[PDB]
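One structure, as structure tokens, below. Some questions next.
The complex appears here without one of its protein chains, the remainder shown in place.
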Amino acid sequence: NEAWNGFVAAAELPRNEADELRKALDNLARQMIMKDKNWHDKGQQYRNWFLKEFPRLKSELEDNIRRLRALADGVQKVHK
Amino acid sequence: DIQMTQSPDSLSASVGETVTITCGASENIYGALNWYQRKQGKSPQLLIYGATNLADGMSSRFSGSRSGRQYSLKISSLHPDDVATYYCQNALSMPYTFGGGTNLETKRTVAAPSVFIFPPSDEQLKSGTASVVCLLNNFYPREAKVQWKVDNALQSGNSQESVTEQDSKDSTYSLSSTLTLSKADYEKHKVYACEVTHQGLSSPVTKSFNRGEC
Partner (left out) sequence: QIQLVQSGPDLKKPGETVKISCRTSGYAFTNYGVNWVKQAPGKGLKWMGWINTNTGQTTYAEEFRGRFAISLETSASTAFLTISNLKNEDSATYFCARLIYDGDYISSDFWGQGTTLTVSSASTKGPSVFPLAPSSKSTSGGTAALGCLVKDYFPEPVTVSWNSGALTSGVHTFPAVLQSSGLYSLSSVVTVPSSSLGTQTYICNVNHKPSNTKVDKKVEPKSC
């Protein structure tokens, strides 16, 4: 916890930013439920609403996760 | 480490049917999933990468899909040359663990074996031993029975047999059985016969020869 938290800061790993992005998703949910009066019906309409606003957020988080795991393993990258 | 749980262990289907094999990852692996095809006695070959991407040169009949932690490989129209073991693989982080594999076999119509027999060679007889070979060619289903009879006496304890992998073209099996005797024992008897039972045969087929006859 001591040494590697220094590496985060030293290397400018946007670690706190990722965490805060989660918290913003948590917040978006909380604010949305209180405003709506209740949402289970329709759940899919809210799923459509979000994807429309953030069409590639989930996709790109998966992309970067895979790339971070690959980097951490030291895998050799090629283009095409 | 990530566990890959593959299902089913084996399955069979008729040519032209669609097949689905599935793989469960012990945790989310975010699409980092490969499928491989391993034909009997051959090296595994990459089939799918990134869960849904068809490896170059592989058949478009293969496709991959994903639902959460569940990954599926689909064959849209089974061909005989699809007989193989199929493996999923965690490709997110090392170790790149393989699933246990799924054996795929083809179903087809009943086919009776063609039966052939081979006396021992003169070269082998020279060396002091006699192996007699009974060949059951291209039959289906795999279950077949061979009995050896020497001068119409049922043999026991002196033969070995093995069956091939399913044929990648006609979906049949073949079987080879060898009766091995000492040269001395071989020369004590006249008629060597192998008797074959199989679903495609309404009664046993016997192939035989008389020792020393051309």
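As written, the chain order gives the labels A and B, with residue 1 at the start of each chain.
As a working rule, contacts are C-beta pairs under 8 Å (C-beta built on N, C-alpha and C of every residue); 3 or more make two chains touch, one makes a residue touch a chain.
Only one residue from B:62, B:87, B:140 or B:186 touches the chain missing from this view: B:87. When the full complex is taken into account, the listed residue touching the unshown chain is B:164, out of B:7, B:147, B:164 or B:199. Touch with the chain that is not drawn comes from one residue among B:18, B:70, B:77 or B:127, which is B:127. Within the whole complex, the absent chain has one touching residue among B:5, B:7, B:12 or B:176, and that is B:176. Across the entire complex, the residue among B:53, B:72 or B:147 in touch with the chain not shown is B:53.
Although one chain is not displayed, its contacts with chain A can still be listed: residues 63, 66-67, 70, 73-80. Residues of chain B in contact with the chain left out of this view: 1, 31-32, 34, 36, 38, 43-46, 49-50, 53, 55, 85, 87, 89, 91, 94-98, 100-101, 103, 114, 116-121, 123-124, 127, 131, 133, 135, 137, 160-164, 174-176, 178, 207, 209, 214.
One rule holds for everything that comes next: only the chains that are shown with their structure count from here on.
The distance from the centre of chain A to the centre of chain B, each centre being the mean of the chain's C-alpha atoms, comes to 47 Å.
The touching residues of chain A, when paired with chain B in their complex, are 62, 65-66, 69-70, 72-73.
Within the complex, the chain B residues that touch chain A are 30-32, 92-94.
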